[PDB]
Every structure is written in structure tokens, then in C-alpha cells.
Amino acid sequence: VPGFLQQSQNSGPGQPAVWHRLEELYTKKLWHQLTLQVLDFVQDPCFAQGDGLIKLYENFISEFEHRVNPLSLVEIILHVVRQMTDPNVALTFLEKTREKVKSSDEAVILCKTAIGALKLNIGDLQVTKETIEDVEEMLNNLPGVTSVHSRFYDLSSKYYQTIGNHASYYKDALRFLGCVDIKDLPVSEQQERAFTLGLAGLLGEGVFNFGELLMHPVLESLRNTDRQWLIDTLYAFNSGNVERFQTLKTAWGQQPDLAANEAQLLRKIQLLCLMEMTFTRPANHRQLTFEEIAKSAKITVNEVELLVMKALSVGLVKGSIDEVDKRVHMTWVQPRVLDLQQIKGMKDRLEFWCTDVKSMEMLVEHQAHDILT
Amino acid sequence: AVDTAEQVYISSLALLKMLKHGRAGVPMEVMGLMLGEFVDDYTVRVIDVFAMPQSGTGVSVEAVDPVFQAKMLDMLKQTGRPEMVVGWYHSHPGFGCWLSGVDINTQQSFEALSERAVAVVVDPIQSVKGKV
Amino acid sequence: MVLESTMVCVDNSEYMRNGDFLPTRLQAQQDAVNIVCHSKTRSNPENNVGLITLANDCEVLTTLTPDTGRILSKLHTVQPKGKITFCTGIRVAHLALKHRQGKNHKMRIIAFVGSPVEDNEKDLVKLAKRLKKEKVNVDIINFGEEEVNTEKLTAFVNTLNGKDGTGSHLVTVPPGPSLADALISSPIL
Amino acid sequence: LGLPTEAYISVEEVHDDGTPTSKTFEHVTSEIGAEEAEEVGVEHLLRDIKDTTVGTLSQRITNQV
Amino acid sequence: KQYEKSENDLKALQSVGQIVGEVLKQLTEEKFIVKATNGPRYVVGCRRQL
Amino acid sequence: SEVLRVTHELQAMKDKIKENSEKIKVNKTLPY
Ligand SMILES: [Zn+2]
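Protein chains in written order, with the deposited numbering: chain a, 4 to 376; chain c, 24 to 155; chain b, 1 to 189; chain Z, 131 to 195; chain E, 38 to 87; chain F, 57 to 88.
I should point out that these hints are in silico values taken from the structure, not numbers from a laboratory. Hints are not guaranteed to be accurate.
[To be verified] With a straight-line cut-off of 20 angstroms between C-alpha atoms, the simulated SDA-like cross-links for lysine to any residue are:
#: 1; chain 1: a; residue 1: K174; chain 2: Z; residue 2: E142
#: 2; chain 1: F; residue 1: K72; chain 2: E; residue 2: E44
#: 3; chain 1: a; residue 1: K132; chain 2: a; residue 2: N168
Modelling step: build the complete structure from the supplied sequences, incorporating the hints.
If you want it as C-alpha cells, here you go:
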């Protein structure tokens, strides 16, 4: 049995420093220390063809695995299978491993997520959807893990090759970023992970711009450099100042998924323009005129009523529409994100309000002092 | 060796506990030992009171089951104070505020244990609205 | 007869799953128990015992009691998963001891330091600088993992004494998986 | 003010948007209630302020203040 | 299982029971005249949730 | 081992159930 490890000195990087010392690790019949060294070794840059030898080693050690913490065991099994990259072989191996460690341990979760990922590349409806629902439902009783949750979220988000699941797709990407603990990611991966979420949020039917993204860390730290037409688009959308110049370059950057939805994107930009124009008004003369909507929306005078009706129907404002007066009445229930400068106005309004309230309280107290007590 | 016009001071929490325990079991009769401090020869004060599970044929010498009496007074000192047992709940739902021969027989032993201990009688039925 | 109570810091670390003294290590922390204090009540039937874990910032599984069934029952379920904690672990035991009844009983903490700790250099200021004025006693058991002799841990007893102390001793039974006789005979206590 | 007590609950829902996990205690609305045979106790124990509709006009003005 | 069947056994040994009576009228939204099988009549209402 | 978790650990019903039946019995007042 051990002769395999003994003769496995070649065919792999870091031969002396890793294996020679490791030998003592199992000679002392020792344990999960060995597992930590194993994790380091598997993560090590390697084309990962000696998966058979590594796996025989793993089986030998895990015969009385016990000391092999199931979470690490599943992680290593998933890594080895992903390195082997044979479809049916990996699927069978995953089933065998998952069943063999079927305890109430919160690792069967990880195994099921890995299985969903493995099947995600083919037949993405029959088994994958049921598996993803099952993982969701069994993902309970321990919110503090934050890791199996990340894996399940990433599987779901990778599922994004599907039209219907979009808004939940943006939700999944956001949850990935939030519960991924630290970003702890290569800039290389982060670039794509942020561009994908940007496009998803731009294209969702209910998602408009979802502020707090701009200061949401996933984007800026990776996109501030270049290839950031998307961020200018995001700024324009969350502001809505038409600024449809950007689309001429955005289409060049991504004809697909952007040029294919010019009508939908422009409809959303018009709706957002209407909202932001309603928000910039100082809350006193909220009744605006179709001329204003047109000049701020490049749409026809006639179309303005339909645009406002659409806004109401989607549910971003709750005003009312009138014609004979050539005006419109708004009233809001959909508030958005803000910034420090915009908080100064709120602070000032609150201070004025507090001064007025104090004045009225003092007036009542002083005048009524005869009968108060 | 002689009584007087002496004042018994019951804490607000003590009164509240008396009333709640009495009303919880109005159809039956309840019993609850009292803890307090023997201030001086004319001032007996009770700070808090504790209830004894409704067992036996009723208010009698059975409410002092040592197994339960010792363990509460014990754990209670661990956090708070030992105020020595001074009195008892008792309760007469519809019988005014009288003391019967059995009640006298009971309180006789408590008097023996102490020298000036007191027996309370809290009526859980008549006392309502704004009456204590 | 016994001028002392008893609290124990039964390790729970993620590393505790290992073959180094027997089956799966901890299986031996459990080993003394049935004598880890069975011997301590082998004394006048008025001794007191305790239990404290040391993983995930450590909880308490037993409140000082001249009973052992509870401590054994909790010991049955001490699944090891997490990084060891100390200093805080010892202070929790110290407070628990302060809440001891029968003031005549002196204090004793038997530290089953197994998996490595992350304590800094001058932990003494809080680890031991108190036990004198508090007249406390602490015992250290090194479940292997004696990294470079763990002078860091030895320094705890070193801070102990100063003239007289150390309790029984900071006995580091050799990594040889002999048994608990080393925690049965060695402890003259 | 009128804060005699506040109620908190320990729900460890991880996060939304992009936040990390945390302790995330939460607040439950609270109000001081009553139970018959104890309302009588409190009534007697106070029996001095009696801040009921007594002196209704004055009390209404004080309430507005 | 014996301890389970005993815990509820002793716990239920607190309930006191009600008096069975038939309501007669509806005095107010919170005052309903109610009689009793024995024969005496009373005036009462819902508890806090009926 | 298995037994120590059952000899006196667990098996406590022989004390608790004994006591509990004591109070249910004691409350069996004479009248009915
Ligand atoms: Zn009586």
C-alpha cells in the first residue's frame, strides 16, 4: 500500500519538500494536518493528470477517514474530479462519494452543489433544476457557513444561460459577492464577474439601475481602469439624463445582449428619466408639464401620456394624469440611493423642522402655563 | 413580649405576586411562603415572596415539604439575599378574610419556628376593581 | 478533606481528531474521565467537578457539581471542530470558580492543552499574574503537539510558583500512545 | 420619553445586496400590558397620580404639549 | 416514553374547567346575556379573541 | 462507554419518573 507513496517521488512538482516530509505525516499515523498539506498540494499549479494516484492515496487515508473533516474531504474530491474532467466518470465518482458520506454533516450540501455544477453543462433543465431547488431547500440550519452558500450561489448564477431567471440572477450575483466573505478573488476573474452583473442588471425587466452598485465594491476596484463603457452606462441610467451617446460605443463593445435589446433598454431609460425628473423637483411643484417630459425624454408630446401611464403601471410613481390642464400630478413610493452631498439637504430640512417644532412646543407651553398644571 | 400597633411593610412586587398567584388558581386554595427581614421589634418587612406548588389536600403543614423549601431558598440566595422566611401566602377565594381552625393549627407551627411571624390572607375573588 | 473544587478545560479543537495516543485522540481526553476526576472524588464525597470546552471561543458544559453523570454525558458529545481558544478559555473557568460555593474549597484548573494555541508572548500578565492574589491553581496537560517543547505554555507554570506553586505539575506525557496511566499514576493528586 | 423597554430578536439572515454576514440583531415592537387581578394591584399601588380622564381639558392640553 | 406520558399528565393537573351555558341575547358588542345548565343567569362577554 | 451513558447517565427516569409519579399520586385526594 504505502509503496505507492514511496515510489511516487517523481511525476509532480515539489517532490522532496512535499512528499518526503509528508511521508512522516502518515508514518506517525497522523491526520488532518496531512489534509491541510494535501489541500495546499492539490491547489498547487499542476495539470492534474495523476488524479488516479492522488485518489488512491485519498482512499487509503480515508479508509478510517474520520479525522478527514467532511468539508475538506468534499472540497478535495470536487477539485480532483474537476481536474480529471471526464463527464460520466466524475458524475459516478460524485454520486459514490456523496452517498458514502451521507451524514447530517453540512457537506452533503457541498457535494450536491458540485453535482449540480457537473450536470449544469448538459441537460440543464430536467435534473439540474430539481437539484438546484433541492439544494436551496436543504440549505438551512446554519447560515454562518458562508461557503457552501457561496458555491450554491455560484452554481445558480452560472445557470444564467436561461432567459426566465434574470432578476433572481442579479440577486444571485449580489449574494455571491456579499457572502463570498472578502472578495478574495483574482482581478482577472473579478473583471468578468462584474461585467456579467452589470449587463444582467441593465437587462433585467424589473431591475432599472439598483443604486448602491456604484459604491458596491465588486465593480469599481476592477473596472476603474479601462473598458468601462458599462460604468458610464450605469451612471447615465441611475441619472437618466438620456446621454444616449454612450450606446454608440456600447454596441461596438457588446453588440449581443445590448444591441438586441435597444427597445427595452430605451424604454427603461425613458422611465428612469421620468422618475429622476420627478425627484429633482423640490417636492412642492410636483405638477409638471408635458413640455418638460418631452424635452427631458426626446419623446413626442402625444406619447408623453402613454409614457406616464406605463410608469404608473410598472409602479415607480403613484401620482395621477390629467390633460385639459396640460399637466401631470405625481406622488412617490419608490425611493432610491443617495450620496453625501444629497444628505446635506436632508439634514438641513430636518434641522429646520426641529427648530419649528421646538418653537411651537415652547409657544404652547408658555401660553398655556396657567392651566397646564 | 407584647404586641402593639405594629406596621407590616409589603413590597410592591410582593403584593403583585400575591395577587397573581391567588388569581391563577382561584377555584382551589394556594399557599406561598414569604421571605423578608425582621427589621425591629415593631417593623416586620417582607421584600419578596415565593410560591409552593399546589399539592396536598390544601393549605396545611404539607406546603413546607423540605425538599422544595430548602432548594428554593438556597438557589435564591445565590443571587440576591437570604431574607429569612417570615410569612405565608394562604388564600380564601370566597370566604372573606377569616382564619379557620385548620389554619390556626398550621400557623401554630410557624409561630413556633419564629416568634412573631405573620400569616397573610389574600382574597382572590372579592378583591377586584379597586379593592385589596 | 479536599480543600478544592474542580473545573476542567476539555479540548474540542478541529485538530483533536488524530491518532497520537489512542483511537482518535480526544477519545483519550475522555479516557481519564472515569478517573480524570473519578480519582478526585475517590476523595471525600464532598469534592466538586466541572467541565469547559475550548473550541469556537469555548462554552461551558458543566457547572460545579459533586456529580459526574452529567460530565460524562456531556463528554459523550464533544465533537471536535474548530480552532482552540485560551486565555479567554481560562478566564471563563476562573469566573466559574469564583461562583463556587463552600468557600473552603480551593480552585483548580486542569488544562488539556492539545492542539497548538495562538497565544502571544507576554500572555502571563493575564494568564498567571492574577492566580497569586486570587490564590488559584492551574494544571496543564499537553495532548502532544508539543511544538518546540511549547515553552510558551511552559511559561504559564513558570509564572506560577515564584517560590512555590505549579500545582501538581505541568506534565507533558510523551507522544507515545501508552495510555492514561500517565494521567492516572503520574498525577499523585 | 416613553421607552420603558425594547425587544430584540437574534435572526442571523446572512445579508442582501452585497453586505457580508454578521450578528444582525433585530427589533420587535413592544408594549407594556396588563392582566386582571394584577391591574388591581397596580391600581392600588399607585392610587395617587391617577392619570385617567380626570381633569379632561387640562389633561388634553398637557397631552398635546 | 413513560416520562413523556407523565410530564403532560401532571401538567394537565392544573386545568379548572368552565360552566356550560347557552347564550340568550346580544346586549352589546361586548355584553351577551348567558345562562347556565344549572339554571342561574349571568351577564358576560367574549374573552379577548373570540 | 455505552453503559456509563446508560448506567446512571440516562436511566434517570428511575429517579425523575419515580418523583413525578410521587406528585401525581400525592395529588390523588381522597374525595371524588
Ligand atoms: Zn384557610
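So, going through the hints one by one against the coordinates:
no.: 1; hint: a/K174 / Z/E142; verdict: 19 angstroms, holds
no.: 2; hint: F/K72 / E/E44; verdict: 10 angstroms, holds
no.: 3; hint: a/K132 / a/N168; verdict: 11 angstroms, holds
Hint compliance for this structure: no hint is broken.
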